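Take a look at this single chain, the form solved without the ligand, given in structure tokens.
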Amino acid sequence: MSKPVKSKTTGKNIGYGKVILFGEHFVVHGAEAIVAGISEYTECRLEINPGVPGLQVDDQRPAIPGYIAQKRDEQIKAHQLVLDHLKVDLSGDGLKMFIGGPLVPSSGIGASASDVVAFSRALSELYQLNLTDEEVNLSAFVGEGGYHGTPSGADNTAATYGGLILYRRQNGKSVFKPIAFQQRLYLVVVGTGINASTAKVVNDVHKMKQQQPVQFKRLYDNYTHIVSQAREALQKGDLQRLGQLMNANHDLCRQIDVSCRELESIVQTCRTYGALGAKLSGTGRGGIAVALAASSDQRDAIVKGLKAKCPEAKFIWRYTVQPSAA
């Protein structure tokens, strides 16, 4: 068992949020996906709790209403998975856990991964485990097993590493590599307030493929062209084109029946107010959408326009993706 070396963490142990820029659903069928680990993060602080067994959680994240209550049981399992994985024993002296950071937990933003990532990092600090990024990512992956199934890996990987990430099922598992990019991405992410079941939607997509092998294959190849071009746009630093491609991607998502009225309303208003591109992000049929802005100022216009004109935009967040290099 790991014995605690420090009495209190003093570092900044965080896990980044996540949005899928390209390729939700199509990735299941072998397409490349672009996932963005955002700057906005969840932080975990730990200290010893002498004489008091177990893990005391003081969850102060700015989560949407009801989110923390509704995820608590899964969180309990998630945290215990990480403790067991890291060989941490809280049966004598326990730990007080404070959870913070500016990330807003809500369906679609990868918050559960940000949680287990931040936790793994703080444990590494307190127990002086010197976890590598790979080791943290695995710990997060194990812990993500405590939230409702199933982890592909993209959420923990974005939360651990941040930045842009190429995500594909290769050769027969999830494969991830970083994407070099020299420009800030100014994002508006919007929550619908509607919860979707990944497993259920993904299986609906499988069924459509079984019912329409030739049509599906058409949409799938249509996708592969967009992502190819998206990679180009990024290497060039061409954000207008990147935005147009996001629009094209949303269009394809509508054609596999994973959008909804609320998502459509949001994306229409984002484009109206000058988004370079806008699309559902992740599972669809609820959850979040993401818009790309050309600057911080034009983001102010999109947020203003959503608030005045789109009642379906229940929660509006300004998030950013950091450039990998100068």
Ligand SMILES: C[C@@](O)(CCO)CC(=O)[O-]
Second form
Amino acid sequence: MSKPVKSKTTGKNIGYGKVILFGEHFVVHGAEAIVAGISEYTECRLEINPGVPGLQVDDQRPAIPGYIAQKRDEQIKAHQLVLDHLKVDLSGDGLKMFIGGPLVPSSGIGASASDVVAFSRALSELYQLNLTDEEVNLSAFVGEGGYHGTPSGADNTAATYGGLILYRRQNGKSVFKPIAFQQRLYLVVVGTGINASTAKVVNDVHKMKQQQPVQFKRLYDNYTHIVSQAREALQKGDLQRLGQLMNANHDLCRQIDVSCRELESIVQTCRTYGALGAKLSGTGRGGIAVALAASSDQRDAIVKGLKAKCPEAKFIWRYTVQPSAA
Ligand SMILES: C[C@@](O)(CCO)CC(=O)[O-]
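Form solved without the ligand done; form solved in complex with the ligand now:
Let us now look at the entire complex, which starts with that chain.
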């Protein structure tokens, strides 16, 4: 059982946000996915709470209205899973937790993973556990079990490592590797305000494949071609090509029936206002859409356009993926 070495964290213990750039839904069936850990993050600060047992959560994340209250019971389970995993006993002296960072918690942004990653790093500091990224990622994965469900590993992996990540089901579980990229990704991420059930939509897609094996196989193959090109576009640093491929990916997502009217409105407006590419991101049928801008100034025009002309764009965020290398 781990005992606290520090009385208060002084580090910057964070978990990155996440957007799926390519391959939501198709990844379930063996295709390669591109997941982006964004710069924007959740921070966890910890300090000892002498004589006061348990974990006191001071959650001040800039979450969308109602989100924190909705997710609190899951968060309780999640934090306790991390605490148990790391063998931390708070039955005597507990902990005060402060949760901050600029990441806006909302469905589709991997905010729950960001939370448990930040918490795992903060615990590692306070208890001087010297956790590797691998160990942080596992702690987060375990904790993610407290939210529903089930975690693929993509959210926690993006939250602990950051940057661009190749995600595939291989031999025969989730396999992750970093993607090297030399350019900044200027993203507009848009929340619909609608929460969809990952499990239901995935199972609906499973049923579509069952009902139309030949048609689904074609869409699946069409996807593998897009992500193959997406990888090359990334290696080249051709953002215009990447954007075009994002659009093509969205088209395939509509064909497996994971879009909706609100998402269509957002992507249409994004493209109208000069986005290189725009698509739903993640589960679909609600959640977030993601648009790629060529620059920061061109991102301004898209945000302007969405605010003015797209009422379905309930929440609008400027997110960035920092380059991995010089
Ligand atoms: C729909 C899906 O591809 C992404 C949901 O965030 C499911 C998964 O990858 O486990």
